[PDB]
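Engineer: Listed below are the residues making up each chain.
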Amino acid sequence: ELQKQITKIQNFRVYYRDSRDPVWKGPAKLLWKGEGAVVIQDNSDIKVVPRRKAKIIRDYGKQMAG
Amino acid sequence: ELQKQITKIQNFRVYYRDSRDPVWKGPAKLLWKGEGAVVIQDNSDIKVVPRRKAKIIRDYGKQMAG
Amino acid sequence: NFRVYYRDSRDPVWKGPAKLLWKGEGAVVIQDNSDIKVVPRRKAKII
Amino acid sequence: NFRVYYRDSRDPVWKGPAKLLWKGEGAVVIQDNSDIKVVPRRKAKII
Amino acid sequence: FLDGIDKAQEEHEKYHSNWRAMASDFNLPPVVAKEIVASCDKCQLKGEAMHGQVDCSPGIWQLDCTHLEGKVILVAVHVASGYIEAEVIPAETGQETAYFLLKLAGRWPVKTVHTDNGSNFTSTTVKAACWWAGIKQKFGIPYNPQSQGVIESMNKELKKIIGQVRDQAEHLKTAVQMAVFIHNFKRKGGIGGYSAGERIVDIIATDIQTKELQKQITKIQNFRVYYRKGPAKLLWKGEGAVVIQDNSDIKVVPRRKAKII
Amino acid sequence: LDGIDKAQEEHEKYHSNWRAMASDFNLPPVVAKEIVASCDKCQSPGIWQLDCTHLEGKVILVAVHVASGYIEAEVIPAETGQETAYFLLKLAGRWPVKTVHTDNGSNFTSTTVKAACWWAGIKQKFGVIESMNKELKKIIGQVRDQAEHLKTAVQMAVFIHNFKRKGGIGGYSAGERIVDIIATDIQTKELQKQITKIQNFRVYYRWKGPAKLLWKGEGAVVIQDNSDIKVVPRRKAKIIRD
Amino acid sequence: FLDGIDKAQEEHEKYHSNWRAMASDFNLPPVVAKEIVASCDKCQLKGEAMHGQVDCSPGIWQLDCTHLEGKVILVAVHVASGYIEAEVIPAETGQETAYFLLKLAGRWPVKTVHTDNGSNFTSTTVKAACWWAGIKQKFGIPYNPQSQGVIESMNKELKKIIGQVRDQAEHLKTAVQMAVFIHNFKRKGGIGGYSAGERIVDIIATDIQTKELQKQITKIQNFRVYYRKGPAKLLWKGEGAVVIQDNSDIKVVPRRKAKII
Amino acid sequence: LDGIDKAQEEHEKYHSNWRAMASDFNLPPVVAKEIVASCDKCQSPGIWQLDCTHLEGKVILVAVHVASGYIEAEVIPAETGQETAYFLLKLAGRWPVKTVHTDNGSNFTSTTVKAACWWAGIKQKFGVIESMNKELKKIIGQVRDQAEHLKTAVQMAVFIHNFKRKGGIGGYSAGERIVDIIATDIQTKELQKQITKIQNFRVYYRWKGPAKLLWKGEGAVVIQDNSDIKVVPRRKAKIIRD
DNA sequence: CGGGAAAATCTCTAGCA
DNA sequence: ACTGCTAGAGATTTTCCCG
DNA sequence: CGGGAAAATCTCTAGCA
DNA sequence: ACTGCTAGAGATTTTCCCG
Ligand SMILES: C[C@@H]1CCO[C@H]2Cn3cc(C(=O)NCc4ccc(F)cc4F)c(=O)c(O)c3C(=O)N12
Ligand SMILES: C[C@@H]1CCO[C@H]2Cn3cc(C(=O)NCc4ccc(F)cc4F)c(=O)c(O)c3C(=O)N12
Ligand SMILES: [Mg+2]
Ligand SMILES: [Zn+2]
Ligand SMILES: [Zn+2]
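Chains as they are written, first to last, in PDB author numbering: chain C, 212 to 277; chain I, 212 to 277; chain D, 222 to 268; chain J, 222 to 268; chain A, 1 to 228, 236 to 268; chain B, 2 to 44, 57 to 139, 149 to 228, 235 to 270; chain G, 1 to 228, 236 to 268; chain H, 2 to 44, 57 to 139, 149 to 228, 235 to 270.
These are computed hints drawn from the structure, not numbers from a lab.
Honestly, I wouldn't trust all of these hints.
[To be verified] Here are the simulated BS3-like cross-link-like pairs (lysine-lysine), alpha carbons at most 25 Å apart as the crow flies: (1) H:211 x A:7; (2) G:258 x B:219; (3) H:188 x H:236; (4) A:127 x B:173; (5) G:264 x G:240; (6) H:173 x G:127; (7) A:173 x B:219; (8) H:244 x I:273; (9) J:264 x A:160; (10) G:34 x G:7; (11) G:264 x J:244; (12) I:219 x I:258; (13) A:46 x A:34; (14) I:219 x G:264; (15) H:215 x H:136; (16) H:160 x H:111; (17) J:264 x J:240; (18) G:215 x G:264; (19) A:258 x A:244; (20) I:219 x H:7; (21) C:240 x A:240.
[As the list claims (entries may be wrong)] Where chain G lies over chain I, by a calculated footprint (3+ residues, C-beta under 8 Å): (22) 212-219; (23) 222-230; (24) 245-253; (25) 262-276.
No residue lacks a Cβ here, since even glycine has one placed at the ideal position from N, Cα and C.
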């Protein structure tokens, strides 16, 4: 039940940006989505990223490669 | 004689630039000046720098500090 | 209290100082002689 | 042999291909239909 | 420095020397010279060297009117994906901008439109078109196209494509539609190797799927967490770290000094 | 890797599609595709439909995504080939349009529409369009008073149909349905691309005869030999291109 | 790929898809898609992303004419130091540009002047003024102010200073001279913490001193070096490395495999 | 550090200036300055001169650097205060001008020239100018035929005087001389700045009484106590500000 | 050797029009 | 065969200064 | 584990007008 | 209370592939 939902929400990749870095950071792992903030995991680090700074996808290219 | 001249020519500082780096590199030590190329020593490294890329000075602020 | 010197709109003359009312990321809201303006942070200095 | 596509002077239309005659650091000399031109390397592509 | 400072202000009142010059000529600490320069109104002539970051929410669209061959092309873009919509219109008028906006809001979920302060976008007819479609209007700081960087950059790619296909169409509207097609479905790259159409499909599909999944997770996973405080609502747990929402404030705490009830 | 046999058994029992198997057992989609393709007892999203409606003396030109009910419509000044080709080129630029169904009318069999189909890569072939016509006219009749012209009414109607009326098994609107179906098509195209890439590779493991390649993992290499899928270590198999 | 390539050129001839799109849609290696894009003339629309580097020899000066309050200000700059000279002139004419150039060449050692292709700089009267003073003329690539970056940047600092002191002068020529003074002697910073005047003095004084010193060193130190070749002329030795000039080609060799005679 | 005693002996023998001592023995210039300042038996570049010459009916206004013979001259339309102040402000912007000598003429004692001197920071005081007048007129008479106006001739004359005629002990031209003298002045100003900075610091070493600070090295601290200069390790002395 | 403060270096932007 | 740069504002790293 | 080649990442620029 | 960005070209670092 719940565990399948959690490992499904964690399959989505997140590209984000910090408040002073113009470059987009690589695909993170979505842990929690909210109305104004998303909780991600980039390289064994948990960051909180506002909704206006994040692009969440799923990469269908990758879901099909592995 | 000659040694005094050589350690005098080595007291001049050289700011230079590489063919693809827009930032000026710190003060090197002038070893040899020529019509088109200057021979310098930056951080225990000997580089050859064209005359059009180098700004040789002496820093009178420093000659007087030490 | 902060003094703000800014460059408002299609005008090369810098104006100020103005009161700082809100500092955001990229833009700031100020008050210059009972006139509220929004100026990006590229076009303002805060002291 | 190299093909050069360039942007000569106050003109947004790109021209080319032209023969490469001299590649310097920052600028290049080409030949486009018996016309010798000097174009910076920001305004040229060499293949 | 009382003698050195008084001479520095007197020299600055004439030449407006920077802090370095007044520190070298009057034997001043850098803080004192910087203070003297900072109190001069005539020397505050430069802003800070950064850039802002535009909104890239999934519902954010940027619109702008661009000109080509004497015709007006109204261009829209989905900021999160780069998917563009465009249309040649006879006049920069609130009527046809509202028509374009209603078409766009009918084809895609548009939550907020970001535009500059052109007369056509600030018109009372667009306001009614945004109000009926439930769209929120976010106008930029006047005379700052950087606030519309996504669409302004899209005004350049679209024009660049049109010139590539301008000789395959008699009219400019046909070339504009060809360029929209080419950008949206024949140019790959970006944050997924996608094209603009594939990418936009990914953003909305992901938005709905994640909203539903998180709704289910919050419906099932119902815990309260005490750390160091009040019963913060649990958001996520695992890998020796806990993420919670205490009074509408998301913070990350380690598994230690945190109990889940 | 370890659940290939469980997947094979579940398919021989329930005849499940590869998507569930890749989701339930955590298998690369290629392997599940080969599971469903190994049994002979186990064997649309680019299809738009075009028609023209008349209302209040102007010609409305409607486009319907059959799989989703999503409607693209706008009022055109004349029932001519110019405007039909313009509409269809617009649509092909917005969504991936692969084949359009028409009623062999004069404006649909012109040379301009055919050239627009050739350029956009659309196939032309000459009852959902009628029901969607009826529903769109119903909604226009509802919402007409809220506008002065008819084009604006039509667009408000298209917005209402696409995003405000919901139904079906899950209660989704036409916009969500179209997004979902196009995303599934993207998944299918990517999977086909990857299968086509791997199909030109032969694997020699432990040496044994050549075998078809399925997956190239970080700790294993999945191969199909004699209609049987086996797992071998990367160091125990050499992959060549043919 | 013979079937995959032939369809890719046919699709590129219509949409001009980039290499990524043609690699994903037709199963092509990146090199093949890049080759197909590279053979299309209509797709070569972008130059390479770098910048050149202007000449900064001690004898290099950059000149340019700038406008302010309807008057013409002829500005010069010493590239190596940033020391500027300026003058309000009634007209952009080769006569007064030649006058300014002769004044400049009389006050400082000017070996080469770099200018854009304005009519006043390309005039036959300036050519005579440069020929008499022994100055070499280096014109930039037309319509590329980046080739004059030093002076163009100096056109901005000079204008910025004038506005700071414009209310201390009735006429604009007085303000221009005040700005020249302020830039040259009241603004410190750069490659020595200097001002522009101090820095320029350092460059010419260093040039003469180093020329004399190296003349003496070459007069005394006279050796020939064999390495790995011919008798290369010795330039410098020490710290386990030897610098020599073999047939007008300076190269650095280690002390090993090198003998000094 | 080690040659302070050798420097002191060489000065008590030959009365050498601090520059040679800092060059010959490799001493920080402050220490050599204190050596030359410790003996009581051992005890210009901003000085321009201004005059007006008449030739062919126009007024030439000449400026001479006394220390170097470097000439700044140009033809002005009228012998007025406006133009004199403009010329002097120009000169003050080009070179560091600290005091100007004049012949108390009407155009030199105006209010405009005085205000220009006040703004530029120049001191006003009311036979080298006459000899330079004669030489400049000589050169103008040589070179007049090569020009049509007189201003151009004057400028060519100034160029020839400043860079083509050489003389003196070393055979240098006026331009090289001015550069050298201004560089020596820059050296002197920097040394004075550093001495003024260090003079407000007191050192307690080994504790002994306070001493004047001279140098703050990377391996030593040089101090002067009771008119005697001693070297102490950095860890063996504490520096405080007074 | 250890923090804190001050200095030096780094990064980045407008305007030159 | 010729060529972006300069100075200031804020951030971040280095160096020094006394323990 | 060791090179080489190919892929991925990084850096940087015009144009949007 | 709001906000530069995008895609391409060349350079440099990573990853993989067979020994
Ligand atoms: C009359 C409306 C309202 C009032 O302002 C004007 C002027 N303007 C100017 C540009 C322009 O030159 N952009 C280049 C650019 C520069 C910097 C940046 F960050 C982004 C950029 F796109 C436009 O594109 C544009 O649409 C307008 C416009 O619409 N208006
Ligand atoms: C008629 C002459 C000869 C033919 O060309 C024109 C046009 N032009 C244009 C600029 C200008 O817009 N500079 C801004 C800028 C942009 C980029 C850069 F790298 C450097 C920069 F300074 C000038 O300053 C200038 O002097 C001229 C000029 O003199 N002419
Ligand atoms: Mg110019
Ligand atoms: Zn000031
Ligand atoms: Zn092409």
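Engineer: For this structure, which hints from the list above don't hold up?
Structural biologist: 2, 3, 7, 11, 14, 16, 18
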